[PDB]
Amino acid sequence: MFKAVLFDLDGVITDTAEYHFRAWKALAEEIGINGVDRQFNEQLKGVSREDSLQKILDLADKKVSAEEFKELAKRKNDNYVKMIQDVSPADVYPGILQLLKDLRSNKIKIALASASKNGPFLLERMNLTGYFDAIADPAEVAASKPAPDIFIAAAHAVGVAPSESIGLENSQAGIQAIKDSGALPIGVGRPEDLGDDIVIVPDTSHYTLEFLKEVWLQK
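Could you show the structure of this chain alone, in the form described as "open conformer" in its entry title?
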């Protein structure tokens, strides 16, 4: 039987992408740049804070000093941190609290494998801290998704190998990272995005202990 489940945060436990988008849009309005919409925002996902800002400036060929650039970037982060003060237990995705309860009661380890610099804080705001055995620190990995480093780190932190683990993700890069770690992926989304060679469920309500056990047996 699998010994651990490795969770991403965004797209699995809750939505942080909406708050990043609102913070970038507010920044662009402040500096007078048009075109930061949700389609455009697809180009900012999984990209560094600095590269995202540059893509926004390039919409208007807008030049700023190195100083101004550093401070516009920090300003957007400050706004994002303000916005997530309102996250609550009601923001947890369907199925996820019941899964955490069932994993804990069956002595299966629970770890976070997220790029979020605010993971510990967000789990505290959602009242989930007491379910998690470890949180991998994204500041300590040498390579980001699709590299396997953050999934290796999450597994190791709870005393298991990835090969003993299931990983849950909604992104192409995260699924590849789980695959290359040695863990078993179960995606949430559609195979058109995530692949034909893994099990995929259409939404998080399908993530049940019974289903995870079925997928592990059949792998």
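Numbering follows the first chain given and starts at 1. Basically, rigid core = biggest C-alpha set you can superpose within 1.5 Å across the two forms. Compared with the form described as "closed conformer" in its entry title:
- Annotation for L209: C-alpha shift under 2 angstroms between the two forms, rigid core superposed.
- Once both forms are fitted on their rigid core, the CA atom of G46 lies 2 Å or more apart between the two forms.
- Relative to the larger rigid part, the smaller part rotates 23 degrees between the two forms, based on C-alpha fits.
Could you present the same protein in the form described as "closed conformer" in its entry title, rather than the form described as "open conformer" in its entry title shown above?
Chain only, nothing else included.
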């Protein structure tokens, strides 16, 4: 049986990927870059703040100073942080609270493997901190998603091998990170976005302990 579940946050625990998209699109349009639509935004899911900004600046082969890069990342983060102040337990996605309670009852470890520095604040907003055995700090890894380091760190933080873990993701970069860690990925979203080669569910209500156990058995 698996011994840990390694959760991404945005698009898995709650709909904060929507707010990252809206904030990055507003920033891009302020500097004259119009290509951040929903399709392009699939490349901005899962990756660090700095890698997200650089992908946007690439779109128009745009060159800003080092000082302006720092200011733009800060502007977008300050906006996003204002948008999430009213997030509450009512915003936890269907099935997720029940899954956390069932994993804990069965002595299965729970860890966060998010590249977002806003992860701890959001788990507090949703009254979920007490369910998590560890939060992997994204600033402590040498290489961010799609590198596997953050999933390896999350498993190690709860005393379990990546090969004895499941990872839950809504991002292209994060599915690749799980694959290269040795853990088993289960995605949530559209196969048109995330691929036809791994197990994908259409919404989070499908993330039951009973479904996870069957996927493990059949891997």
